[PDB]
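**Student:** All chains, full assembly: derive it from the sequences and hints.
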Amino acid sequence: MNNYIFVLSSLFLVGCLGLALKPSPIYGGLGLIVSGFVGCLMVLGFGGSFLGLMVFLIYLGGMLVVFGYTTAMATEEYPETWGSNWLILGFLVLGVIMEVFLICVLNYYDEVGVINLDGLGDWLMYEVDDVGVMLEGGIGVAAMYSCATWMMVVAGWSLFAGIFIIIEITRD
Amino acid sequence: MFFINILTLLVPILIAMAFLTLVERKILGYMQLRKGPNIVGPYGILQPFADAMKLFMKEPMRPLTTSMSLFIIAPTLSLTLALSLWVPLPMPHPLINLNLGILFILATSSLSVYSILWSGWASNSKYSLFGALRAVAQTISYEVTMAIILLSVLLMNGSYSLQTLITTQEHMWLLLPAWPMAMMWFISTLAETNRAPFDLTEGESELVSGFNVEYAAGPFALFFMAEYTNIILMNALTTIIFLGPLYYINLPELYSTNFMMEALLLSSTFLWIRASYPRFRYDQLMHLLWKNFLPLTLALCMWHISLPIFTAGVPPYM
Amino acid sequence: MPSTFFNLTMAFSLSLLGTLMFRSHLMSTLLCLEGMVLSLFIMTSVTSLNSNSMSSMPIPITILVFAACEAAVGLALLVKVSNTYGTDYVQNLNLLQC
Amino acid sequence: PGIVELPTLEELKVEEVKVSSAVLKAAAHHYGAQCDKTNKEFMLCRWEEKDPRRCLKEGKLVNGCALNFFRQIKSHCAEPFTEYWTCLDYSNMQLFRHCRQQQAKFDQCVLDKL
Amino acid sequence: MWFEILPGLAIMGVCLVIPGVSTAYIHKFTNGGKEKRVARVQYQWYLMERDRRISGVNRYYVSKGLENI
Amino acid sequence: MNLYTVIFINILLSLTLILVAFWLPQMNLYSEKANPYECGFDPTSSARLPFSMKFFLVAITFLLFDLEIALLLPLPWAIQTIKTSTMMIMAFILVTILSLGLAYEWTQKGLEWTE
Amino acid sequence: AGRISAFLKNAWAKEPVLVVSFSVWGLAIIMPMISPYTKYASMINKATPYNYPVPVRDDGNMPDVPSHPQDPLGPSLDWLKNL
Amino acid sequence: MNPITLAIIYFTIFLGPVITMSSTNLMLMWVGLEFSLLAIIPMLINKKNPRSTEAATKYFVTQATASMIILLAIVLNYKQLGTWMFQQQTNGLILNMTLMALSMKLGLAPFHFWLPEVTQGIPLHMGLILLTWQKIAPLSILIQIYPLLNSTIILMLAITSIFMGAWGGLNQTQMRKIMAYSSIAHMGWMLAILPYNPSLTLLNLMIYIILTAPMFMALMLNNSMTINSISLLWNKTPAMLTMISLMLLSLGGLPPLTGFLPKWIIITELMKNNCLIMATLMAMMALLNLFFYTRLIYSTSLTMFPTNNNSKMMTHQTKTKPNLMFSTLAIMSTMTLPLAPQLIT
Ligand SMILES: CCCCCCCCCCCCO[C@@H]1O[C@H](CO)[C@@H](O[C@H]2O[C@H](CO)[C@@H](O)[C@H](O)[C@H]2O)[C@H](O)[C@H]1O
Ligand SMILES: CCCCCCCCCCCCO[C@@H]1O[C@H](CO)[C@@H](O[C@H]2O[C@H](CO)[C@@H](O)[C@H](O)[C@H]2O)[C@H](O)[C@H]1O
Ligand SMILES: CCCCCCCCCCCCO[C@@H]1O[C@H](CO)[C@@H](O[C@H]2O[C@H](CO)[C@@H](O)[C@H](O)[C@H]2O)[C@H](O)[C@H]1O
Ligand SMILES: CCCCCCCCCCCCO[C@@H]1O[C@H](CO)[C@@H](O[C@H]2O[C@H](CO)[C@@H](O)[C@H](O)[C@H]2O)[C@H](O)[C@H]1O
Ligand SMILES: CCCCCCCCCCCCO[C@@H]1O[C@H](CO)[C@@H](O[C@H]2O[C@H](CO)[C@@H](O)[C@H](O)[C@H]2O)[C@H](O)[C@H]1O
Ligand SMILES: CCCCCCCCCCCCO[C@@H]1O[C@H](CO)[C@@H](O[C@H]2O[C@H](CO)[C@@H](O)[C@H](O)[C@H]2O)[C@H](O)[C@H]1O
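Protein chains in written order, with PDB author numbering: chain J, 1 to 172; chain H, 1 to 318; chain K, 1 to 98; chain X, 1 to 114; chain a, 1 to 69; chain A, 1 to 115; chain b, 1 to 83; chain N, 1 to 345.
A couple of the hints might just be wrong.
Computed spacing ranges between beta-carbons, pair by pair [what the hints assert, rightly or not]:
id, chain 1, residue 1, chain 2, residue 2, range
1, X, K105, H, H171, 22 to 30 angstroms
2, A, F41, H, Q284, 26 to 34 angstroms
3, b, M43, N, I4, 38 to 46 angstroms
4, J, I97, H, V40, 51 to 59 angstroms
Bear in mind the hints are in silico, worked out from the structure with no lab data behind them.
Idealized CB from N, CA, C, for every residue including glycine.
**Tutor:** In structure tokens form, the structure reads like this:
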């Protein structure tokens with residue numbers, strides 16, 4: 001359990017490596033779904049709750065649209081996977097090896113700097129208000145309705161203007 | 001002991017699913033002036049087990065054009081997610097007590113569409129691709145209003161915790177103050193479960209079998225098991241949200257018995273609806289949701305923000 | 001915290017490297033932008049939680065809101081590209097060299 | 001670059017109020033009325049001084065006040081109080097509203113006796 | 001006749017009561033005869049951890065009354 | 001730990017059924033059996049060719065409307081505020097502009113599928 | 001205003017969903033402004049004590065602050081008890 | 001576009017930079033830059049041909065990538081210092097990627113390659129917005145953190161922009177591409193002086209804008225997209241020949257025109273800081289701009305290119321343009337050097 005968050009952030013890194021190699025967007029879309037789920041777990045692991053569940057829900061919706069767009073406008077006869085092309089496969093394996101190497105070397109030079117494999121799990125949660133009640137992340141987000149209304153004004157305007165923008169872009 | 005509790009949730013739910021296949025076939029039969037299964041076991045009560053054993057003894061398809069990883073993953077993901085939706089359900093005490101259990105349901109249910117999308121794509125056949133693209137349209141149709149409908153209801157609950165809904169309804173069904181949202185919620189759960197009149201991703205009269213057309217044998221059974229498990233889940237959810245079963249701290253089993261009765265009834269209306277109506281056209285489902293439900297859902301969300309303020313009826317945080 | 005933030009920054013760098021090193025599909029690049037957004041969301045969220053900065057939790061949500069607008073415009077543009085050429089390949093988008 | 005001064009383990013010895021949360025919650029309303037002066041002194045020290053080492057003397061008076069409060073319950077109202085906190089302890093949230101019958105019996109006792 | 005649908009319904013009905021009932025009973029068996037404690041907020045978790053620490057047996061649900069002081 | 005435990009069991013059960021389904025039955029693989037289905041005749045092309053999306057504009061509108069509900073889901077916490085009038089105005093304005101956006105797209109025929 | 005009445009009547013028969021949506025939207029705005037209970041919603045949120053009420057040091061010039069929680073000074077909650 | 005769309009989109013184009021210039025929080029500054037990108041795309045692609053689609057797409061992917069790098073810097077600084085503004089203690093690498101990403105947003109060389117292509121693919125009135133209004137928000141951010149910026153990266157970006165703006169404009173026959181290279185060269189001057197005197201950055205921005213706006217209006221009058229098209233001015237609108245010639249010489253920084261002032265003052269300030277070598281290189285290669293402007297002056301007002309028979313029908317028609325904003329900007333962009341002390345301090 002002391003390796004739990006490092007494992008998750010390590011899985012997240014692999015997901016972005018897979019996305020960066022850009023196979024067919026079908027598998028790119030899947031890569032973001034898995035990374036989104038892993039990202040939700042990391043937010044949860046640091047004491048989050050609302051933020052982790054939001055980003056997964058938003059990305060579940062986002063990649064469903066991308067799936068629909070992919071089958072219409074970004075498809076070929078032979079969609080590529082990570083294994084299809086030896087060159088992409090090699091850089092996937094080499095990228096994972098270079099991750100193990102980069103973490104291994106940085107552990108050696110500093111030991112407590114960016115990588116501190118000896119102290120994993122000791123520096124996740126720093127302070128916690130033990131007897132508190134109103135502490136969950138949803139309370140913080142809800143300040144858009146009371147104390148940070150400007151944040152919600154700009155967010156609302158961008159979604160509203162986005163409707164007019166996409167209608168203009170898409171008309172013939 | 002926690003492992004025993006997992007068994008006493010999963011196994012009864014899987015038996016309930018199996019016998020819903022029997023109940024559906026008999027209820028549909030009798031509404032059609034037929035009997036339905038009455039030979040394989042007494043009154044057909046072994047028919048589900050025969051169908052299960054037949055399917056898992058059948059050769060499973062390995063089609064040549066298929067992308068095999070997603071082909072196998074999709075039905076596996078389908079049953080996993082269907083079973084996972086049950087763990088936070090309070091009947092009246094859940095196996096897993098979640099602070100944001102409603103948001104857990106939406107996220108898990110929203111990941112469930114990808115089993116349809118990937119199976120249809122991975123099969124690499126035209127009728128399966130048609131079924132996958134109807135799932136894309138289906139989710140766009142109903143997911144736009146399902147969370148806002150839930151939002152308005154939970155402004156009387158005061159939280160996303162499922163167990164709090166029991167206390168919210170201690171003196172009254174949430175149906176009474178929220179029946180217009182309950183109606184729209186009920187139609188949404190039909191679409192969410194790909195049930196008639198919105199059984200479009202399979203729609204056998206049009207796409208032969210849609211997303212699962214290339215699937216045989218045991219892999220096919222997983223999609224079927226996942227669909228029938230979800231029907232029970234969504235109606236049990238409707239029961240806890242709007243039809244608050246009677247709760248007494250010293251008689252928990254009274255809640256469970258009342259919950260089952262209402263959940264059984266809501267599952268029966270799903271089968272009753274299937275026997276009664278024709279199918280929507282999948283563009284018409286989108287217009288139903290976006291041009292009828294969505295305007296009213298937005299107005300009612302505004303009304304349910306307005307209500308607790310002007311009646312001083314804000315529910316407690318805790 | 002130390003090792004998690006290192007890995008998240010590396011995840012952003014890989015997504016940016018994906019953005020900067022085109023293959024053929026424009027859509028594959030649009031997915032890399034969503035990867036950078038996702039990395040930055042987690043980094044902001046984890047920082048706010050680790051510092052107990054509840055007044056900053058609106059900010060990660062605003063990151064996703066504008067990313068959705070950016071992604072919607074990107075897809076809208078991709079429809080236009082596909083209509084012209086019948087694919088989303090970026091090698092066709094070369095008329096403005098002259 | 002200075003040494004952080006910590007009280008000895010001997011300085012931190014106190015008589016513990018080692019009763020469960022349902023016992024504390026059942027008595028919490030009368031406890032707040034009966035031990036207010038000592039409790040408010042300690043909390044003013046903590047918020048003014050911002051240092052738990054500067055408030056150890058007042059922290060020990062909080063424990064002694066709580067033990068004198070519970071010994072008055074023990075000598076006069078033990079059985080009404082036990083029936084109350086045991087009923088309160090059944091609920092997963094330890095809710096007051098499930099034991100109003102037993103709360104009234106306890107409240108009546110501490111009113112007549114004390 | 002329609003009432004021949006009921007054998008399947010009764011089997012369904014029994015199977016849908018077991019999860020609720022079994023979870024309630026297993027909670028009481030594994031929580032000292034009481035409902036399993038719900039820690040929605042950090043304050044509730046703190047009380048459970050204090051209950052575990054004063055229990056003498058490292059179980060939050062073993063309660064200590066005035067006999068302990 | 002418990003949530004991890006049950007979901008792993010759910011994964012474990014699903015994967016076991018898949019393994020049984022693939023290793024228990026008798027097999028008989030030959031080319032005509034495994035060719036893609038299309039009502040008894042051969043397909044004339046790949047299923048991997050472009051499939052036109054007539055509701056593409058509704059689809060990308062759904063992306064924006066899905067971030068609008070994300071802005072609405074903190075409302076249960078927001079109704080606890082002392083600043084009730086501010087919260088109420090912000091929520092009312094947010095819902096109204098989203099309605100106006102939907103109304104505009106509706107009158108522009110943006111919800112009509114392309115032909 | 002007989003032309004609108006025919007308009008509204010037709011909209012009711014033919015587009016009842018939209019008529020209800022606009023009516024509900026208008027009612028939601030109007031009701032907080034005319035309700036006698038609107039003022040209490042903020043007051044109830046204000047009376048919920050999520051934080052410890054830190055005492056104040058008594059300087060001898062605080063006639064209004066109670067010295068004990070059962071002093072008759074300070075904010076009363078009788079309005080909520082009888083709401 | 002119908003009026004409602006125009007109002008909303010133009011309002012958002014205006015709003016973004018106003019948010020960026022007024023924001024204390026770096027996240028709200030980034031939000032302002034996000035509004036600019038989103039709102040300008042539909043205007044870029046409004047005419048809907050393959051070239052405008054190419055221009056809007058290239059603009060989107062560059063700008064969105066730069067926006068992510070800017071956001072990374074903001075988030076890294078929030079991690080380091082628990083605040084939403086760059087400080088003296090902000091890590092220098094964080095500041096260097098901000099500079100890199102903002103310079104890519106501005107089209108400074110060597111992040112310039114997109115800008116001549118996008119300008120070529122869009123209508124002239126959109127090129128005008130792209131090269132004037134859209135510069136203000138990224139520059140406004142840079143001006144706020146001018147003491148924190150690395151002089152080495154700035155001067156290298158600045159000299160690179162002046163060099164490539166010069167050589168770039170030398171090969172062009174397309175007017176929209178000449179203006180894009182003129183933009184890049186002038187941005188090189190704006191940036192060079194920013195870490196020393198940000199007021200002189202603003203002086204150069206203002207003079208560049210009031211030179212570029214009437215130059216675009218002059219192109220818009222007959223829709224002159226090429227040298228050969230603008231060379232017909234003597235027959236179509238000869239009254240403009242005087243002001244186009246002086247605006248071109250002012251853009252090139254020839255005294256005694258107003259456009260000499262920004263180059264003169266920036267050199268003075270660079271040499272007050274011992275930046276003699278860069279100032280010499282900058283001033284010497286800025287002469288190459290005057291060469292291609294002169295060749296442009298040769299083909300419009302100092303010689304008369306061959307005309308065509310259909311142009312006689314144009315002489316029968318009355319025009320309603322330019323508006324009187326052209327004359328005001330044209331005069332103030334050329335004849336205001338006598339008022340130089342009132343423009344620098
Ligand atoms: C995609 C998956 C990637 C998997 C990545 C690798 C996962 C495994 C992580 C290995 C990193 C170090 O993991 C483990 O860290 C803990 C701190 O929590 C160390 O902790 C332990 O050992 C070290 C000394 O050896 C001391 O801190 C101490 O004695 C003890 O706490 C373990 O010795 C080390 O093995
Ligand atoms: C050109 C387009 C822009 C015009 C459209 C936008 C109009 C402005 C609407 C948003 C108004 C925000 O209004 C602003 O709200 C905040 C709280 O959120 C108030 O903030 C106040 O309360 C907060 C609560 O934490 C205190 O910390 C703060 O010190 C105090 O000023 C500001 O005093 C008020 O100015
Ligand atoms: C280190 C290497 C070790 C040595 C490896 C040797 C591998 C040789 C594998 C032989 C094939 C076994 O794999 C299995 O073969 C059987 C029959 O042979 C075939 O299985 C199926 O198809 C054929 C089709 O006519 C039928 O005859 C057969 O009865 C049926 O079961 C499949 O091809 C495969 O399911
Ligand atoms: C273009 C978009 C248009 C859609 C947006 C329209 C928003 C306008 C909202 C108008 C309604 C505001 O309604 C307003 O509600 C607040 C509380 O919320 C009431 O406020 C009342 O109760 C509050 C408590 O909440 C007291 O503190 C306050 O003193 C009292 O006035 C106002 O009396 C009422 O006027
Ligand atoms: C550009 C800046 C200055 C203008 C400022 C912006 C305000 C403009 C006010 C006038 C706008 C009215 O513009 C009007 O918009 C509506 C949108 O409902 C369009 O109308 C739309 O709905 C109506 C419904 O009956 C139908 O015409 C049709 O379904 C659709 O076009 C009109 O065709 C257009 O004429
Ligand atoms: C510091 C000193 C400042 C020097 C100021 C510079 C003055 C302007 C120099 C550029 C001259 C403008 O260019 C000059 O424009 C006039 C019209 O105005 C043209 O004028 C001539 O041709 C046009 C048609 O082309 C006829 O309509 C016009 O009647 C005829 O005189 C000249 O043929 C052209 O050469």
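**Student:** So which of those numbered hints doesn't the model satisfy?
**Tutor:** none
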